[PDB]
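There are 4 protein chains.
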Amino acid sequence: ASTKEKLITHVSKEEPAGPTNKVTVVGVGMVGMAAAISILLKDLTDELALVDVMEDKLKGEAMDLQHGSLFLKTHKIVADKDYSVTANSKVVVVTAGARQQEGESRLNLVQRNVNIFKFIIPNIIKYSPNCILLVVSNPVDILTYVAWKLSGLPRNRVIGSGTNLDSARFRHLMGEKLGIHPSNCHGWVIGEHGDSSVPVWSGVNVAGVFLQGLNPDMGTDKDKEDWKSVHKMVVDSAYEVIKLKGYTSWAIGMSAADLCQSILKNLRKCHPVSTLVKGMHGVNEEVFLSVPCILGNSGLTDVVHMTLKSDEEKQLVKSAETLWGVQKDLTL
Amino acid sequence: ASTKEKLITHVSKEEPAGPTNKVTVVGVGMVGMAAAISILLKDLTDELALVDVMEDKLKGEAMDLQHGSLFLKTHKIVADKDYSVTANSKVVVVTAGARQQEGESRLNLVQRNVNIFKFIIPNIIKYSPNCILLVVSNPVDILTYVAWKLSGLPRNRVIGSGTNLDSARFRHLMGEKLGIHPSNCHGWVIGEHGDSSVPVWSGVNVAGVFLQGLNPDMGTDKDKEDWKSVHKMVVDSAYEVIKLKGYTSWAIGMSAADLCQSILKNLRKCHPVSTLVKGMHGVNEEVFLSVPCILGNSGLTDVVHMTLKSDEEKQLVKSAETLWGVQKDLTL
Amino acid sequence: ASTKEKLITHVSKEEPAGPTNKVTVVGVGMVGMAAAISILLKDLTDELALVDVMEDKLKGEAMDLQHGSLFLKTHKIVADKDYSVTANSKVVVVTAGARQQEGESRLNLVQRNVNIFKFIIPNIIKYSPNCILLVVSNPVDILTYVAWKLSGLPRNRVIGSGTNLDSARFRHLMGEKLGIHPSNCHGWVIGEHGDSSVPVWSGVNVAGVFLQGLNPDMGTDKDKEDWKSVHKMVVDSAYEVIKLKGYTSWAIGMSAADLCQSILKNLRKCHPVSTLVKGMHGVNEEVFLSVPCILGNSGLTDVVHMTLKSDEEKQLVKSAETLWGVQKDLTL
Amino acid sequence: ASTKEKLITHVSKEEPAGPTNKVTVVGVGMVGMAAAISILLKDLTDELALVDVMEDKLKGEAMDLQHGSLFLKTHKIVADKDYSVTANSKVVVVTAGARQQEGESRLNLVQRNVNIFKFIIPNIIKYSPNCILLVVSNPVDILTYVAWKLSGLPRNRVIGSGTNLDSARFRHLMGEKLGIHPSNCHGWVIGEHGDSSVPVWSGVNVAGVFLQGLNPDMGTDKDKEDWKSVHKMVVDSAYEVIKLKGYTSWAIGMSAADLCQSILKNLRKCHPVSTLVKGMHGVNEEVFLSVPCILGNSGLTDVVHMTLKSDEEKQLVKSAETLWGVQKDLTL
Ligand SMILES: OC[C@H]1O[C@H](O[C@H]2O[C@H](CO)[C@@H](O)[C@H](O)[C@H]2O)[C@H](O)[C@@H](O)[C@@H]1O
Ligand SMILES: OC[C@H]1O[C@H](O[C@H]2O[C@H](CO)[C@@H](O)[C@H](O)[C@H]2O)[C@H](O)[C@@H](O)[C@@H]1O
Ligand SMILES: OC[C@H]1O[C@H](O[C@H]2O[C@H](CO)[C@@H](O)[C@H](O)[C@H]2O)[C@H](O)[C@@H](O)[C@@H]1O
Ligand SMILES: OC[C@H]1O[C@H](O[C@H]2O[C@H](CO)[C@@H](O)[C@H](O)[C@H]2O)[C@H](O)[C@@H](O)[C@@H]1O
Ligand SMILES: OC[C@H]1O[C@H](O[C@H]2O[C@H](CO)[C@@H](O)[C@H](O)[C@H]2O)[C@H](O)[C@@H](O)[C@@H]1O
Ligand SMILES: OC[C@H]1O[C@H](O[C@H]2O[C@H](CO)[C@@H](O)[C@H](O)[C@H]2O)[C@H](O)[C@@H](O)[C@@H]1O
Ligand SMILES: OC[C@H]1O[C@H](O[C@H]2O[C@H](CO)[C@@H](O)[C@H](O)[C@H]2O)[C@H](O)[C@@H](O)[C@@H]1O
Ligand SMILES: OC[C@H]1O[C@H](O[C@H]2O[C@H](CO)[C@@H](O)[C@H](O)[C@H]2O)[C@H](O)[C@@H](O)[C@@H]1O
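Protein chains in written order, with full-length UniProt numbering: chain G, 2 to 333; chain C, 2 to 333; chain X, 2 to 333; chain Z, 2 to 333.
No wet-lab data here; the hints were simulated from the structure.
Hints are not guaranteed to be accurate.
[Claimed, not checked] Output of the computed footprint for chain C on chain G, the stretches with three or more beta carbons under 8 angstroms from beta carbons of chain C:
(1) 59-68
(2) 118-129
(3) 155-161
(4) 204-215
(5) 299-305
Positions of the beta carbon are idealized from the N, C-alpha and C atoms, including for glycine.
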């Protein structure tokens with residue numbers, strides 16, 4: 002009899018229950034790992050699954066993480082090239098994508114990514130049919146649409162990180178300017194993720210007091226404080242970070258973990274995420290854009306309809322036309 | 002027309018998924034509420050259900066907790082006299098019991114408790130057939146056995162709090178004695194909860210260093226440092242708190258929340274809990290006593306076999322015999 | 002010779018550093034203990050001190066909490082009738098007060114409380130001259146003013162719980178109404194704590210969307226959705242819980258712990274707390290009312306100036322006048 | 002008047018208090034960042050300071066981290082090439098070091114590191130004289146000694162990560178073998194960090210039951226289970242991870258954060274860390290080796306004296322001679 006057989010005795014004759022809040026992260030590059038590390042440290046999952054085509058790198062990250070088990074409240078951390086390791090996941094974060102190339106059209110980049118998703122997505126759904134897909138891959142808005150198409154899942158179970166982090170970045174800068182914690186500064190950045198995103202000036206407030214009211218010119222050329230530059234810094238953040246260190250990851254990881262917390266714990270919290278906006282704000286095309294949504298364990302179950310100005314609804318309609326412009330040329 | 006309707010639009014077609022880690026607490030006395038506040042403050046559940054026999058108190062406690070929602074990460078808190086409110090619980094903490102009466106025999110008291118359980122246990126199982134029962138009511142060892150028989154549940158899903166807190170109290174006292182945090186002081190109190198519990202001196206250590214190795218007289222009459230007084234302080238703990246403030250609640254509440262976390266998060270952690278021990282250390286009847294067990298989302302799946310001194314086993318057998326003697330005279 | 006001596010050797014030459022975030026709770030009634038259990042379960046302090054006038058109860062509560070040390074991350078929990086036990090506290094939560102008496106005038110009740118504070122306040126300051134006083138006792142607005150005068154402390158270090166919980170209750174009710182988490186529902190209840198508090202309808206929003214924008218009649222007689230009943234439910238909350246369970250405690254405890262966290266962790270977060278408002282919204286006397294303030298380790302360092310409707314300010318002035326009327330008749 | 006001057010009013014006339022639990026991380030390479038990220042996610046500090054000679058990389062990491070402020074409870078995150086930014090730190094984690102070279106003697110590598118520390122250490126002590134230095138740089142044992150010499154701080158305030166992580170790795174593997182959480186598997190790896198470390202077989206236990214007792218041959222050639230290979234995997238872990246992904250970081254980061262938690266919160270917890278062992282286990286040279294110690298806010302205030310076998314004390318004496326062999330040739 003081994004030490005284990007002499008020390009521990011199995012007394013259950015019932016089949017093991019299986020994970021309750023399993024999370025899978027596709028792509029263990031810096032973004033994937035930042036999300037994984039954030040999810041582990043915040044004790045959100047009872048089982049973390051990792052997958053990536055680069056086998057050695059995947060095995061090393063998983064191994065590195067498993068060695069810290071003593072400091073975590075996660076039952077197990079699994080990794081493998083075969084997607085069967087992701088079975089029964091509640092949430093699957095997709096960070097994988099195509100490595101851009103030399104002067105390659107945007108339609109070709111997107112199509113390259115689509116081809117990558119044609120493998121990934123169907124393999125994810127085979128082992129976790131009741132999951133919720135959280136797409137982080139860029140371009141996020143269109144790629145979320147692709148994931149939604151290829152998966153066959155209802156809209157509530159396919160979400161894009163959208164402008165979740167850009168709104169957090171806005172609140173942070175707003176916080177540094179006012180001298181108060183970002184969680185007390187309210188502001189929303191919606192629309193298309195990137196340079197075309199929309200800062201909704203009418204909602205910027207502290208304790209329910211809107212700053213636009215105190216400065217009606219806020220966000221325009223007539224602004225004596227140039228708030229427009231704050232949103233400009235939000236869109237140029239990733240670029241600035243990359244110019245300084247080559248990649249961007251920590252902020253995105255905390256944002257993804259934040260989204261997973263609301264999903265896993267069924268919080269029903271409002272987050273600006275990418276979802277189907279067809280029929281909203283004059284948008285009639287089948288595109289995904291960021292708007293405030295309610296997240297829980299059933300996914301994106303509710304969408305907030307914002308009171309937007311003609312100029313704002315217009316920017317959204319324009320972004321939607323650009324996305325659809327690429328989407329209608331794709332082969333799914 | 003509604004303000005809600007104009008602001009929020011439900012976009013899901015799927016029926017809501019339901020709770021993933023629901024917890025029910027039976028009895029809203031001091032012990033039950035302490036457990037409830039401990040489970041909520043530690044973000045262990047997405048839905049807490051409370052049930053008791055008094056409508057107003059039950060409703061008052063729920064309302065008080067609900068008013069604190071802003072500070073919690075629990076989707077909802079519900080309470081009712083009807084057990085249907087506890088549907089789909091993963092863990093059900095049972096604290097309900099009969100108030101003691103002077104001049105009463107031990108048998109009457111235990112039967113009174115059984116009478117209560119005959120109404121309660123089947124109600125729980127009807128709505129949560131796949132739950133894990135955590136019995137905290139006293140006498141915990143006999144009452145856990147009763148819940149096991151009445152529930153019809155397999156042994157791995159019926160657990161008694163047993164000596165979990167008494168071991169924690171022992172580690173706390175040991176800690177105060179050596180000047181270090183209780184999590185670094187290791188010691189186990191097993192067997193029958195209370196006066197007849199057994200402190201396993203051979204396991205008492207810090208960083209793996211046997212304290213009995215440094216003082217072989219430890220725990221005996223020859224013991225010059227009188228460690229026996231530490232174990233006597235443990236068993237007398239409830240009594241002392243009771244005659245100072247009137248009852249005990251906080252330590253038990255923290256203790257139950259600790260057990261729930263191991264179970265809800267499938268930690269497979271070792272806890273000294275009450276479980277069936279027939280066939281161990283000489284016990285030959287179906288009785289529940291405390292021994293180190295491994296707990297997860299499948300319940301109590303493994304038991305650790307400690308190597309005990311024939312003397313230590315003798316106390317366990319005497320206890321078993323005392324417990325069996327009472328069980329045969331009960332009316333289920 | 003000692004077992005301790007052979008096992009552990011003290012190797013420091015320096016005297017121990019003392020606590021860095023010590024918290025004291027004055028009064029161990031239901032409210033005080035709820036605050037104590039909330040502060041400990043959320044790992045906010047390295048040393049918790051309890052003080053009250055009854056030796057046995059005080060000692061019983063401390064012992065109960067100490068028995069749960071294994072499950073906590075607080076170095077020590079101490080309790081005594083002598084205020085020297087509260088030395089070097091960063092935050093002192095004051096909940097002590099006079100039990101009400103039927104047929105009693107408002108003035109007698111408040112004076113009775115002042116009589117209590119004249120003994121308590123100087124004792125606290127003698128041992129913790131650099132603490133931040135958090136007054137929770139009712140009537141909080143007048144009693145915070147009294148603590149300020151008696152303490153001799155600068156305004157930034159004397160805070161009243163004010164409408165912090167009532168605003169949380171409002172966000173909770175709003176949340177239940179719209180079907181989303183209270184942290185996503187924004188609304189502020191300011192002014193005099195209780196019946197005369199003011200709900201600032203202009204600030205009520207979700208994701209920055211003015212609900213008053215969608216329903217301008219919100220809060221008035223023309224209001225078809227009767228939002229006024231939500232604010233009336235807030236003010237009637239304590240009363241309802243009181244006649245159901247006998248007292249309130251949990252929500253207040255969570256509320257105080259929330260305020261302590263902002264202060265202990267220097268978050269500079271916005272909270273609706275009671276502070277000196279002379280010179281704001283027309284108030285001309287030294288009275289404390291609730292308004293949004295920024296809290297950190299330096300205390301209440303900044304106050305937010307909400308743009309209120311002349312009608313809203315009128316209620317604040319009426320309150321100020323009612324409060325001043327009572328303060329001039331008090332004997333400090 | 003700006004929006005800020007009209008919205009927020011400073012009401013404090015007292016000097017700001019300053020950080021209470023500030024932490025500085027020297028070297029923002031992967032190890033530094035893994036530690037920083039672990040410290041932030043576990044809400045341990047109210048101010049995180051980062052420093053590194055590589056200015057761009059430093060600015061990018063800090064920037065990346067600051068953008069996630071909304072998801073953290075840390076007042077501020079600062080970074081700079083000038084050490085004045087680290088003023089008033091409670092704990093300073095040193096990860097910086099010399100980049101090894103082609104067939105360079107060990108004495109020269111160490112001396113190169115010493116030269117790096119001759120700048121760093123005195124700059125750290127200039128701005129934070131009352132801090133606690135936590136050295137992670139390899140070779141950790143000797144480098145901790147160097148830091149201690151150059152700083153002039155008492156031994157309780159200069160600690161080396163030592164075998165903290167290797168013991169965690171041991172407990173993890175032990176856990177995977179037995180099928181239980183690592184926090185329930187006790188085992189200690191002491192001595193010199195690396196291939197010469199010592200696994201203390203007599204302390205390996207589960208619930209106080211030692212495995213050596215159940216298998217007296219445990220750890221020797223006569224072992225029928227080859228436990229010696231478990232310790233072999235612990236020493237070869239870093240290498241295996243690096244062969245798979247080029248670097249090692251996550252496990253080390255969680256371990257450092259774990260150490261900082263005990264220090265910052267004055268937990269008085271037992272950790273196997275590197276400290277002055279002169280006078281212990283036959284060691285008479287002035288060297289640092291890992292042994293179980295008690296950590297709190299005064300630093301390493303206590304050392305546990307383990308009951309070790311002649312063969313074990315010997316390995317320690319040998320390691321100490323090797324370290325001293327290098328140390329006596331250094332120019333500090
Ligand atoms: O497609 C699988 C890979 O996806 C990620 O990496 C890619 O995405 C990175 C960030 O967008 C690019 O820098 C990289 O060039 C792309 O190949 C993931 O990080 C990789 O580990 C996955 O193999
Ligand atoms: O390596 C740890 C566990 O691996 C298995 O589990 C993974 O792979 C399965 C398919 O082979 C999935 O179904 C499961 O969800 C994954 O976690 C193995 O079966 C377990 O026993 C191992 O502990
Ligand atoms: O009032 C809160 C919710 O109550 C229901 O849910 C509880 O009671 C049910 C039995 O009546 C249980 O099945 C359920 O699991 C409990 O949570 C009601 O059905 C929900 O709509 C209410 O929100
Ligand atoms: O039986 C239902 C009640 O059980 C508990 O309360 C009783 O048990 C306590 C512990 O022995 C006694 O002190 C108390 O006097 C008994 O009434 C539970 O605490 C109650 O809330 C339940 O209604
Ligand atoms: O019994 C616990 C500790 O009590 C002392 O500390 C408390 O009481 C002091 C006044 O008597 C305060 O100054 C101190 O801040 C309190 O924590 C005693 O001095 C400590 O040695 C005891 O461990
Ligand atoms: O005055 C010292 C006591 O203050 C609180 O208790 C009293 O105040 C409560 C709230 O008004 C009353 O309900 C109670 O009747 C008063 O005695 C505190 O809760 C007590 O523990 C303190 O001793
Ligand atoms: O000495 C300052 C630098 O220290 C660290 O980097 C060095 O240490 C790494 C791990 O041991 C080596 O891989 C690297 O080659 C050494 O130069 C830190 O990571 C750097 O950012 C600091 O500038
Ligand atoms: O950039 C944020 C803060 O920087 C200052 O603080 C840092 O630099 C000081 C020396 O210049 C240190 O004393 C201080 O501890 C560091 O945090 C600046 O003084 C603050 O106002 C800024 O908020």
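Okay, the hints, checked on the actual structure:
For a cut-off of 8 angstroms, the count of residues in the stretch 59-68 of chain G with a CB near a CB of chain C stands at 0, and the three-residue condition is violated. Taking a C-beta to C-beta cut-off of 8 angstroms, the stretch 118-129 of chain G contributes 0 residues in contact with chain C, too few for the three needed, and the coverage statement is violated. Remark: the stretch 155-161 of chain G is confirmed as covered by chain C, as 4 of its residues place a Cβ nearer than 8 angstroms to a Cβ of that chain, reaching the required three. Taking a C-beta to C-beta cut-off of 8 angstroms, the stretch 204-215 of chain G contributes 0 residues in contact with chain C, too few for the three needed, and the coverage statement is violated.
Here the stretch 299-305 of chain G counts 7 residues with a CB under 8 angstroms from a CB of chain C, which clears the bar of 3, and the coverage holds.
Hint compliance for this structure: hints 1, 2 and 4 are not met, and every other hint is.
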